[PDB]
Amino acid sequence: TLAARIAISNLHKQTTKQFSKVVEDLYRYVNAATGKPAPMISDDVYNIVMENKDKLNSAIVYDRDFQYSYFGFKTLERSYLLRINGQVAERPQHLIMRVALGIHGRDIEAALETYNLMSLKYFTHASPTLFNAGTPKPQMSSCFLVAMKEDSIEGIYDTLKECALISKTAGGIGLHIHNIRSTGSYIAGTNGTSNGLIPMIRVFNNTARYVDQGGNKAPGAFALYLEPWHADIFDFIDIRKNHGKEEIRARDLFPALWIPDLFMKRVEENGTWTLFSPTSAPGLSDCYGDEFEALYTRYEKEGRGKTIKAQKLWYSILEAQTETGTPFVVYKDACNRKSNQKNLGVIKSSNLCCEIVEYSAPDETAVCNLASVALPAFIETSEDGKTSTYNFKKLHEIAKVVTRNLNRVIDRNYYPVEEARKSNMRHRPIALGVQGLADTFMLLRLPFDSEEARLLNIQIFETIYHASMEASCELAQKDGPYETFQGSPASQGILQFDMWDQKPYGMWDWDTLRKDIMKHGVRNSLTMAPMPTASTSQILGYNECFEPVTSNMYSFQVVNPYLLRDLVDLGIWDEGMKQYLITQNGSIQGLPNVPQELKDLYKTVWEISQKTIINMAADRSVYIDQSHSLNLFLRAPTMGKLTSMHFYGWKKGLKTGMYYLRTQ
């Protein structure tokens, strides 16, 4: 509350003032236990700072360090700001400026403009960027989609090294394994039989612990993807279970499903489902939709697998999701039908947070780089006070900058494995998202489930896409289209909402944009992929993501600001009020004396029907180039209740059906 004006002002006492001087300390730094030079800025950047020392130190408006809250800033403090001898050397306005340089190089113009927006909290970059930008070998990329190289030991161990090598800097991982022969399959080279998928998981799990993000930082985090027609499926969904045969689990990895529609059909038609080893049914994961059912269906009839009740596996699945909140569900066909990267071949997985959908292959590791726009920062008191409005014009302007920013990162990024440099330089996927969605709605006195909010959600995401395409367009005008652009849905003028079959909302001239794209190309294969934003929404102080509030009272106990103020204005904020939020989860519902309109504005995500949540997710998805991390929350979860969340969303044509499942 007050210890934010106080712990911020304390580090202002115990830290150097001039920027160029902080760079100097970092650049010159030497590990004392080893007498070894351990610089924390790169040559390229160090130089830049020096040759503009005056222009740069006089940019940094230091009164801007007071835009961060209590835990906003103590998060920047504990893990983000660069550290001399356990002592913090970087002020928050120093991390920003360094990030801006780390991104912009000799374009000190772009640098300064990027510095201003980050300091006035218009937007921010994902954690890898904030940590590493402007430093010796800058690894600014959050996520990696990796292919299992081949159904062999060589392939397996080659993929296992790669995962270590990636895990050792720090990037999540999405690995897919559709091709590993299942328990029992023959091996020609040793007249032997396979123990299947689980022991293989176990090795990876293991490397995931050993390679603790560059030694002593964070233990690795892997998402693994399968298609539910793989014969090891029952054991694969159970990987995070709490009970028995320890030798058969793998508690530090996340199972995700790559779900073909056929599967969903079978389940609702209460029919059969057939399980295969990839060696008996080759090719199932190198095609989708119709061509897939044609081929799946034939393999089937040919006696090639083991059939059970489609519904047996489904029950298995819901059982696991209820207990672990996993596996995730990403819809394979939905993904491939509506991806701008379809000319590349069949996309085989998503990432760790289920927002990225990008082509991956043995020699191509899909990479993506994220930033998030701060939705609340564009709200303004109207043109006659006593009333508020949203500035879509600025938002558009802003998304353009972040779009350009995310490009430079592609060029100035340091790549852990050659597969990822090959991948990223060819297709250039970028990933924008949002935060403060629930805050924006709140500020505007629009409940999350209203028709105004529903409308707002649509138009916010419209301008963000339209902008991120406009600017990807200008860049292709300057630097050429991405190399793999010829052939894409985009090159024909098919944009994201076109392939969902909808007219756009229309707040922006889509006809003109498409004309230019068709004409000159765009720089990026992809652009929009709203992410969890867990770490960075904390720092800016917004509710993460697009999810609504889980609670109006967090934990040290902090009550939702926007509500807090409302209560005291309505002269009802005493102690009885504080105490009916403490044990009762922070739900202002059914509460002795609180106006029905506040009750409508301050709903906990458990009080929003998951039918409404899905709808809005389905609405913004028309402008989402990739997918998005859709978490689901039920209180009293019956088997059927889950069953209609999955089916509803699938029938909505969602790419990501479910990320997590938070329960109870």
The other form holds:
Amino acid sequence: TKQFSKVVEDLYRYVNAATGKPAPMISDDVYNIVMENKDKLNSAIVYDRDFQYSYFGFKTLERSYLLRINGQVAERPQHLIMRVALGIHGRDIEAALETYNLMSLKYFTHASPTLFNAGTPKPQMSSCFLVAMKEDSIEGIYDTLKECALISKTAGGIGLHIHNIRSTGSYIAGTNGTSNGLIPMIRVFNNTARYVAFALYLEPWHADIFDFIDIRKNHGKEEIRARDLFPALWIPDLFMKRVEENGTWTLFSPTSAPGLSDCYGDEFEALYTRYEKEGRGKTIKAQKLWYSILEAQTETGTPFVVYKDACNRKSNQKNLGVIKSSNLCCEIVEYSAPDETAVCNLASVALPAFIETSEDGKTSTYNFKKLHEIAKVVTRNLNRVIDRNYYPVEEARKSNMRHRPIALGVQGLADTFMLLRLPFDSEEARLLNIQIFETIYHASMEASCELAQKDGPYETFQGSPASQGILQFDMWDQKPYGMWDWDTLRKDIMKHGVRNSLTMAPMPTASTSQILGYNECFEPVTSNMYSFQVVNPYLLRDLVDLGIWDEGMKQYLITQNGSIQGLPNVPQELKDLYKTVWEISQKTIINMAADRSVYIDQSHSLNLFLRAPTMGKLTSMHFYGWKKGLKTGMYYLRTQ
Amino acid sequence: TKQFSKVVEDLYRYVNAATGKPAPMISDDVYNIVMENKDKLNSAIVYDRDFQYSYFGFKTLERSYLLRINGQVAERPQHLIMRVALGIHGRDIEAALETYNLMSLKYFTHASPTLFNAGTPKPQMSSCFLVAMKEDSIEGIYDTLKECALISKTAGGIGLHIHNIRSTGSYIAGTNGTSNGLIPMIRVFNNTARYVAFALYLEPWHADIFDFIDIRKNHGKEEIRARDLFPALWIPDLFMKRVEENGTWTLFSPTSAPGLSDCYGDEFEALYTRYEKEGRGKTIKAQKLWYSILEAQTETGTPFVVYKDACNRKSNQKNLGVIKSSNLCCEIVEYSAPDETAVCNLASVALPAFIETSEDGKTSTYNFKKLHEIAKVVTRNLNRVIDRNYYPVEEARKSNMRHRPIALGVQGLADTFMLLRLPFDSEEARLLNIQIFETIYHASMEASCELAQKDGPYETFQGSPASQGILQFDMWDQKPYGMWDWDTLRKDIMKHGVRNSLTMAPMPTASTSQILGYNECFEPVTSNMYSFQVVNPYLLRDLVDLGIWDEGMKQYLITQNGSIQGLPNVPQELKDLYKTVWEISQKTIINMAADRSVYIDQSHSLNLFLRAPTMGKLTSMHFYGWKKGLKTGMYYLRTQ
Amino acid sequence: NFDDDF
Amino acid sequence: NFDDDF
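Next, give the form deposited with the partner chain bound, keeping in mind that what was shown is the form deposited without the partner chain.
Complete assembly follows, chain above in first position.
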């Protein structure tokens, strides 16, 4: 009660009245720490920093993040932050004190599940899991389902790959019965989801593919659907080629054509090709599937598209074996197997916090030194999270301890551009994009190398691209932009290793960018009006500064989507600076994505926006991304 | 091909053409036996015995029991029989030869799954399984679900008890979330059923009870239903008392009121009562639940009613612990636990085969000596089945090996009565009912004792009612009817044991009484016309014998349900002999059930038929059964 | 409630 | 099929 240790006492001592069970909401561990250090901890909190969140930003904390006692809010926002700092840092009080300040000052934040659970008795701080279907058998299928149920119990998303499950009509031993396929098994996972979100990963040569991409269709002929599951395609290059050559494409059942999902690139093309020649599947025209994809995406925004070969060929985890899927948001690309469930350890840097208006009037700069610095901090945090996390299933524990993948991201890209008066499609924006990501990658790699010196390289380092001094941009065959000194980094890496197999994967930010008052991660603004009803504060400030914020605006703006193009009284520079995402060529979007990608270890959630969507425009948009070498060609398609 | 060994060669050598996999339809074991004895085996078959099945009887074999090769019938009926004899008897050629003859001569048959699988490589000869829900936890619930899926894979019914799963709103550790209850978990088992029939067992003090009894309701408000699951109530005496005293009844969640389903009778009444006084649940009027039961049964024929206390107090398995459910058809009452899934090993004796028309004209007798004899044979068979069965899950293997329960039954009761010119409600029928069941129980117990001499008592014998010389009718406090010598039997039992913990449980007969041309087990005829369209052959013969089989009959009969009461031209004796089950007082039905029950180890499937059903008539019908001490008060309610 | 005519 | 105006 207005004092951190007292708040901790309360949450710690809490008893569920309606039942008589003591229900501690702090772990023993963090309780004792707060107690053994109450003074330092109590007097470090700056309560002034609570009115630094917007109305609707602070009300997202209150609505859902601040711990509550009897439906009444138990935590002030700084208590939350301080709680998280400790949950992350344990006995490391100086580290915790640093994390507290930087979060409270809004330099970065941590994913929702960290915010919810850090400090509490079963601290599941990890943002999502990637699950391998354990085996094409009732035992295998029910063992997986159990595992998802256990996982889906402490919430957090699941990315499930099912390339190895046989398709409708496939043969089954000891019975006259024929297999029913994927759809009815999807249905089982649907029902388990609803009982306790899901992405499903499939390679497009799977014989149940036509039905699988229609998982989210509206005209639901009862039994063949399955909703709040999201289908994602794990596309090999061969598919895209057949589609552009207008050639054939063969559907197989994994039992007649085994191994397809356990090789990529040329080994996959030989194995695939050899299976076509051997008459093991059913050939159709590549474009019949292509057309069904596009049709499904136009109506439902799914399936997502993640390029299998790009992902595997350019992954520092390639020494592990072949990577069979991404995650629910299409940013994580990490190895998974029957006994290794990959985990997403996520945090995001607040890009705008590094803008500085220096000795002058209107000059702004970007403090890349502070950026590098903070990303070193967040790298250290995400390591602790790996160690201090609660693992809902053993598979997850094995995966994280063994390869230690980390997942850094960003938010307030669009804000940064705007504050610095840079159109999203300016050459300056193009350049800032590159430098921002160069410095984050460089920082996290540097910090991760330091850790390898103290605690050793992750178990699985020897034999990896990084161990051979092949870093991410090398696998893109590009020279780094050169703001940072990569030689020295790479030399140290080869000497000492790094602690983390992977480190970058800019994700969706949803409610954690809301609290901080910034825009969805790295996409631009969808509108200059969200909803109540509030206008883009930068656009707002400029319309006041010109006096034109007369009612011929607040009204206009809402009945125009929040667009400013073709307003009669607004300078062209403002027009260029406040384009809606519907007004930015998806071509620029993809280019900037391709630019930043040589600095992304993993992938990123690349939402795509089309105005007057034709099947042809979509097709060019997929191929464009494809040929740019992107791992994630598309997360959702938003349209109309 | 018209020769048993050649047919075996074929089924044995079969290859799935569409796939190139060798798909043997005989086990190695039975293959080798047929081969090592081809002559004896081949020349024992009497092919004359194929035209002893009716048109629609033989066409049930062909339609679904006779093994097929390429959609074409591979087995003649005698091959089937001979196959089954061997599958049951292995190297015991004399035993097999005896089983062959008696089945071919239609003295008895074995349950469907035996007919399908006996002799084949994974011989799942057992008719159903009773499963314990392993624990009130995600782990527990998903472990069970897996187990049912594995079981439901080789078909055969499941009886699942779920008394221990907490109810809606119940508290859950480490989360703000409250439990959703039974219905959503039922829903998961529904979906698993459909993906790979189910009975669910609940005690009526469970807080989700109102929704649970409505599982099969027609006005389905989407999410709260769940179909092709059958709800069954596991009713304690206390419930019936509260209902008749018009008192209160308390709903508990098993976590606030633990142990209820792990005691019965007075221990349960004290524990229950103590829980009421302690204010652990929510009290309502007994009759509000009662009324909802009756309402549900009137519209859907469910839930079934099986009396928990009758079942436990009068079970030779009471040394095992408390029995928590019956089976899908309400005949089996066997112990189950997280690691013991009880198995139903079923066969039925053909009652009419023992009628003999002796040195005279119109005298018929009943050969009780041959009956005793054949039931000894079937007892021996069902023992072999236990040993030679394929167990789909380890739990089932443990249960069967440990207690060796057997489940003998009957068919052609109604036929026997009719052939012997005995109205179902005659005193002679009442007497034949008793003697028939006395002799079956006596026989199976005798045969089972012999086995205990050769192979030892079942592991779990010491400490059982039987071991103390308490036999089933003793637990009914009645003297046996006295056709057989029970002293000598009981004395031998106490000395040597018996091989089988249990032995009798007259069940539904469905397709295995169809093949043999007889009526549903021990119920009377539902009609004198089934459907095509054929008339009860005994009624038929009599209408010809009187010349009145003029068209003023075949027509009349069908547009009258197949009733003969109030036909103008038919003798009263025929009227009395060919009553429809709608024309027999359910009071007689229940009495005859109570008579035979003192000779039933387990229980029997007591379907109930009401003409002008009122809530009051149902209530009298349940209480009547209840006070008669029945274990199964009702299987389905057929109505209207 | 209790009609004994069944 | 291929409209490059996106």
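Heads up, when I say rigid core I mean the largest set of C-alphas that superpose within 1.5 Å between the two forms. Residue numbers count along the first chain shown, from 1. Shifts are known only where both forms have a C-alpha.
Asker: With both forms fit on the core, has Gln87 moved 2 Å or more by CA between these two forms?
Answerer: Shift at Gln87: below 2 Å after core fit.
Asker: Please check if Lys386 moves between these two forms, taking a CA shift of 2 Å or more relative to the superposed core as movement.
Answerer: Shift of 2 Å or more: yes.
Asker: Can a Cα shift of no less than 2 Å be assigned to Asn191 between these two forms, given superposition on the rigid core?
Answerer: Indeed, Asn191 is displaced by 2 Å or more.
Asker: With both forms put on the same core, how far apart in Å are the CA positions of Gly244 between these two forms?
Answerer: Superposing on the rigid core gives a C-alpha shift of 3.2 Å for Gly244.
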